[PDB]
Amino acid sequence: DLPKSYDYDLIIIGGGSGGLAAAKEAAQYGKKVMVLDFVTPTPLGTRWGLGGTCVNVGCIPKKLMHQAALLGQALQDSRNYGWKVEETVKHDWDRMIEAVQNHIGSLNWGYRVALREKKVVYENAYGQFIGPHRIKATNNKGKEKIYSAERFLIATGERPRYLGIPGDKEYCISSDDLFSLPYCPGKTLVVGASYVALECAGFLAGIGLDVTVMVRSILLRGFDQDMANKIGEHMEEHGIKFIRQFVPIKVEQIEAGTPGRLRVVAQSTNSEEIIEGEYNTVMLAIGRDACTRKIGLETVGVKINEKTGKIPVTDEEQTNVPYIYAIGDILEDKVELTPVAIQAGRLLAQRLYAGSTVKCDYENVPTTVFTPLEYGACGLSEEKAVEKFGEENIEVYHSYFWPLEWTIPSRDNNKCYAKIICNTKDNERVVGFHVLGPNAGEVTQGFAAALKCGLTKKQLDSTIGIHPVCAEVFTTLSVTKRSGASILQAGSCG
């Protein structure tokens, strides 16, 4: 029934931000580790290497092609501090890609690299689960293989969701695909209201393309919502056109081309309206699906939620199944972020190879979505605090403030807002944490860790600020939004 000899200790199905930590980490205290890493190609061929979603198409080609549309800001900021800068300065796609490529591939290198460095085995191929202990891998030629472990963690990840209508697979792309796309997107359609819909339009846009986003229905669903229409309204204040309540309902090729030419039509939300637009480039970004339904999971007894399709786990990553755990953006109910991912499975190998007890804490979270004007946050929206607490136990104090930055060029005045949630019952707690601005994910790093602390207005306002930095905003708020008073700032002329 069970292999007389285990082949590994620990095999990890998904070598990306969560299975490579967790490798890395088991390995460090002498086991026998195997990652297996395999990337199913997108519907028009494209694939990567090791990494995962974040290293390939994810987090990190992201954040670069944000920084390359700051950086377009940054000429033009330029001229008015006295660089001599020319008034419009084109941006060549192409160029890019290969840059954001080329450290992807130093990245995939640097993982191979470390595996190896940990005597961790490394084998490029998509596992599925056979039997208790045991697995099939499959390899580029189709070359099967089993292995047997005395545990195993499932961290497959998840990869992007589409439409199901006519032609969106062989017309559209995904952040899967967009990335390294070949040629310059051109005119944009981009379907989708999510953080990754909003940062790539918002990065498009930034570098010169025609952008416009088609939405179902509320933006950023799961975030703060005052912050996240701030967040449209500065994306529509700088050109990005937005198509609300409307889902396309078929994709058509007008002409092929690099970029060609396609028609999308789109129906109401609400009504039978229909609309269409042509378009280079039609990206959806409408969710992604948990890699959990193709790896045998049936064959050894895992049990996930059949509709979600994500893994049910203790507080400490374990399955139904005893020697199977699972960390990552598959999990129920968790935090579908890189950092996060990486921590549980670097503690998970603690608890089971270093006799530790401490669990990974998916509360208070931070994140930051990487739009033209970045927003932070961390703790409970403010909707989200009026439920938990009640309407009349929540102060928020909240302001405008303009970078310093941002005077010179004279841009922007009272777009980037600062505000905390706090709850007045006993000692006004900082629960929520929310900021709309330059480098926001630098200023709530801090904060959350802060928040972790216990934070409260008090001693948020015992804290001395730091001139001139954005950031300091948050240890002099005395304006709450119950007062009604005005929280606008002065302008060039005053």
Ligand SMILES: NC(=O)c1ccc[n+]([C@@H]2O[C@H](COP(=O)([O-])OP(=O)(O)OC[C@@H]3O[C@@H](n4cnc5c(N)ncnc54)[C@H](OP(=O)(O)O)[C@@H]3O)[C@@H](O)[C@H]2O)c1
Contents of the next structure:
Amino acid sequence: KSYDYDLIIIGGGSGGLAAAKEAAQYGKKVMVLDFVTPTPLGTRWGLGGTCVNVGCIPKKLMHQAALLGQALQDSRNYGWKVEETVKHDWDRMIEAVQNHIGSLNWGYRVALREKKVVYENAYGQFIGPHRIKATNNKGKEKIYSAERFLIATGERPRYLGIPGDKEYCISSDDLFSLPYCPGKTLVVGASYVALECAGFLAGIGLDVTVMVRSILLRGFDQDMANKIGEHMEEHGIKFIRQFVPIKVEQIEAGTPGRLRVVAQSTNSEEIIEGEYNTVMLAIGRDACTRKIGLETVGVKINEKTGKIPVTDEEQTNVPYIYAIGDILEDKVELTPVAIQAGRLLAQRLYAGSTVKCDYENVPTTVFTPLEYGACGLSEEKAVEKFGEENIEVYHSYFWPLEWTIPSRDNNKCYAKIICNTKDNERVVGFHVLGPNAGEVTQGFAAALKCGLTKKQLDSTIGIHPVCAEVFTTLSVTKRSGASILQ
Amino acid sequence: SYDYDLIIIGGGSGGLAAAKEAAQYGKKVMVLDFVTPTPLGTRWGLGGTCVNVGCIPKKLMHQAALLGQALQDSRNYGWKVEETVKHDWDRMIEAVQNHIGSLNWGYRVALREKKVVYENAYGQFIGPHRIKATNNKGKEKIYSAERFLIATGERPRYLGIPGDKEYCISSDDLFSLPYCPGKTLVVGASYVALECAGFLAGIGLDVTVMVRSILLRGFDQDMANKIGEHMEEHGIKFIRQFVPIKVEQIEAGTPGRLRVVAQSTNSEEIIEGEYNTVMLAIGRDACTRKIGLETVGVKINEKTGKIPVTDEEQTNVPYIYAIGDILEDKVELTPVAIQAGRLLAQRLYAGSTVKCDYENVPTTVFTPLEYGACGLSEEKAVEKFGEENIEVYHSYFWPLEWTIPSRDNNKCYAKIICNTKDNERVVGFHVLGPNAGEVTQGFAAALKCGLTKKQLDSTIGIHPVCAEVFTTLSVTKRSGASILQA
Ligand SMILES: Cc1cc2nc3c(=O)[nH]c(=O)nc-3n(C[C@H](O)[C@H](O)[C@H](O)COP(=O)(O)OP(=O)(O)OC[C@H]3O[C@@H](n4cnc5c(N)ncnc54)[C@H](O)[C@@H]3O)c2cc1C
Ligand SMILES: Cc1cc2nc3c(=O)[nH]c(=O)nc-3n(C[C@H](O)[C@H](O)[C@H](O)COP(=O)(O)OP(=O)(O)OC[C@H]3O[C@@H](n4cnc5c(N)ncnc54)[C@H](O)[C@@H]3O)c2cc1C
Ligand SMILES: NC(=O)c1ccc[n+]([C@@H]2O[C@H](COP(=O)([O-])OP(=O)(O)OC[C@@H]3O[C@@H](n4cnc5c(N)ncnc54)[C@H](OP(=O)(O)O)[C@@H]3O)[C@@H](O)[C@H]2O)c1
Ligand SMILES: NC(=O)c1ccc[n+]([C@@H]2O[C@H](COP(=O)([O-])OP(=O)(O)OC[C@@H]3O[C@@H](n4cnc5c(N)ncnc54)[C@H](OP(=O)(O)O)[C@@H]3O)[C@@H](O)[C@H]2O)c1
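Would you mind generating the form solved in complex with the named molecule now that we have the form solved without the named molecule?
In what comes next, the whole complex appears, and the chain from above leads the way.
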């Protein structure tokens, strides 16, 4: 065994870098490859991956801006001398956000440089067994070999295929660094990315509209999804139901130009047009598994979804090649899990760890104007598994004390758990719509990993006055009809 | 036979919870709540200590300090909000109060709706099953009940020095001061002392804290010190090992001018200085003395004032029970008072065999940098399982939100305590950071489930949320590895 690297990692994102750092921690000579292919409009960025640059970080930060705005309103009723002269500066904001992104890029680049991990800013490509072609930025190609390979390329934003979409529209990739303020914009899609973005754009004071093909947050508990939508609507975000863009024309040009979106319902022959300054398409992402020469090494992938089938140890059909993160099939497209898989994989390969990555009950939270945290089965899925008559739902509204003197949004925040009667009222589903949803959810996710039961939950004393406490004493069920409108 | 099935003395957190519950079972119940005036005349409405002069007003004002800080942040996120904004003490108070007012009344409607008699009179035992109810204007009345529940809670304790009752204020007076405290001195180092000093400071005032010995006695001292350091780092001045010997009125007025003179606990040193207000946050004394416990023969720890009770909150006298703060060797917290109250009722009038679990009751101090905790402290962990059997995995974290406002890095801290002799059981949870309570709640449930370090690691964290830091704790204090490089 005398290859170039002990392990070559393709992709320097959440998983890639986590894997790289672990392995290195054990001496294994590792090399990471990372290359960012520009968006149809020319956007590109530094080391880090989706989240670090065009995902979570920028997303959460801007969501904080919208939140801070709302705080400026609350400060008044608390005795702070602030007016409504609260006007936003999109550039000044983006300027801060991007600058922070700069730092992360350099931080990440330095963690490796100091961990004895080689970093090459080149596009990887398998050419043959244990062999990979590394095309650099200026076309210069180079060839490396390694005992093992880790595929962690992640995904990129998808398109509609309609006319003008790639020429006049923007994706999550372009959004977080737009040189100009989006202005009145339309958001096509209803995934968390779609809603999160629409929400903070709106929260930042813009005119936002959301075009929905079918339902909201397909995949999550629909009851929650609707409440999230209602809050958004109740606040100004406009929704267009069951429609999809068919064309996009540049009525006028200029930083935020004038776009002429045309679209048509599904169920009907109806067709409508509208105008906007920006059009952000948030209709999902496609794995970057096609153009990497998986053939030259013989790695099977779900030719349809682009996803890579993998053993419960993140191993592909090819024994020396593994896959981690979003590109994986029937797993969970989340940054924290990508890092676990990455780090545990390394531990198993170079430390005799027999620990496997647990993709069950992975907690999650959507950062819409009204944050939604969750962990475990959704309501519909809970019945679809244990039988409608074996699960009881305990729900209740709650009021963030921080909201009483500002005097707003009562009976809006909602919480609910899902228990399986045939198993000691096991808490199999956890949902909360309210401020700091994530902070509230984390701990409970740990509780589920411990088999939290309704009895144990009740026996836990809540903390006063903290939102979360609403979860320690819930007795009104859905199968009792009891009205919880207080 | 008797006038009532159950007469409850004290209409606070426990009292009302007990009343409302017990009533739910067609029991003829009555609540007696009387607020004896403060040394300076301050009084308030139904609800107990938490509603009027406790949690609620405390948390709310703490939110005012927070909102102020947010006004600062907004600027770096693209909000045109001039640095330096004035705060209105009077405005804020008027708002808090109105909220408490709304509450007082609310609870009033709660009891009556559930057919619970409420009498605004001071209760007093006069003989077996007999109680004297002295009303506001001296008119006394006498009632009898099959059972009695003592839930009188406590009240602020004074030093005993000259001028303390005539020129100083307590938590009781603070939340409704008709004038802005101005430069003030806070005597004490309990959570009440620190919380108040903190928000007063956060509201823009000159605050000083006089400490007799250590900070937050009873709490993990490592945490306590970090909390103090943050406070000091922000302007709150501390005077170590000194106790007020006497306070004199240099002047009078709304914001008055008092002189304080205190002496060392170490040496003979004696010191003094001008202060507009002087708050004495040095603990509370149970209201168990002046209620005629003799006439019915209920034994109490004559020294502490607390009331010894069985594991069902039953006193030595079979028809008399006690709940809440006045209890001995338990936890003085609103949420527990309500559990004891609600479960006691369920046991007495619903055949419930469930007992109140005072073990691992989660808690969180609302200092400028919130501190949440649950379980054994570090020092106590060793004092129980032996220093070599406990692991301390810790780490600093920096809330995403402080990245662009670029402030307070390497300040937020988290740590768990595991017992090696028991699968690295998580026996102690601590977190210093924003929204400490929201983060802690869930974990407290996890402990009730026996959370183990292995289970914790197997839990996937939510990104980018503060709480997540706990899902990957790897650096232990013993493996004396610096973590102060974040
Ligand atoms: C708008 C948005 C918001 C999100 N918000 C959250 C959130 O709040 N929380 C959360 O947990 N997750 C969030 N995610 C998802 C998160 O970003 C992904 O789960 C995570 O990045 C996946 O890890 P990965 O390792 O697969 O890397 P990326 O997905 O980090 O993939 C690796 C990188 O390598 C590049 N690459 C691909 N092929 C090659 C090659 N051949 N050579 C070199 N480089 C290559 C990729 O284009 C990319 O830059 C969000 C995603 C988006 C789009
Ligand atoms: C500054 C401060 C901050 C606090 N912050 C928090 C916090 O964040 N979270 C938390 O959980 N707890 C907090 N607490 C404590 C919490 O409020 C108490 O633990 C809780 O109120 C105790 O419950 P209780 O039932 O004993 O009622 P109170 O202690 O609510 O007692 C009930 C009532 O009975 C009255 N009474 C007394 N004697 C008689 C009599 N003879 N006849 C009739 N009525 C009588 C009292 O005056 C009072 O109105 C705080 C306390 C203080 C002082
Ligand atoms: N769907 C699930 O149950 C589920 C659960 C967990 C993980 N996943 C992962 O998510 C993948 C699905 O693709 P994805 O990640 O790119 O997106 P996504 O997160 O599944 O879905 C985003 C949503 O995309 C919209 N959308 C997709 N194509 C569209 C189009 N052509 N026009 C308009 N709207 C469109 C959806 O419309 P609709 O309202 O019509 O859906 C909806 O708004 C799966 O293959 C899997 O890897 C799916
Ligand atoms: N030793 C005890 O205090 C004690 C004994 C038995 C039971 N308990 C339990 O603890 C609960 C809380 O006790 P608590 O209400 O007395 O106060 P506390 O909340 O325990 O403590 C407040 C803190 O009070 C300070 N303090 C107390 N007396 C003071 C004085 N004369 N001058 C200056 N500072 C003073 C303490 O200093 P120091 O840190 O120097 O004390 C410290 O700042 C009780 O209700 C009971 O359940 C406490």
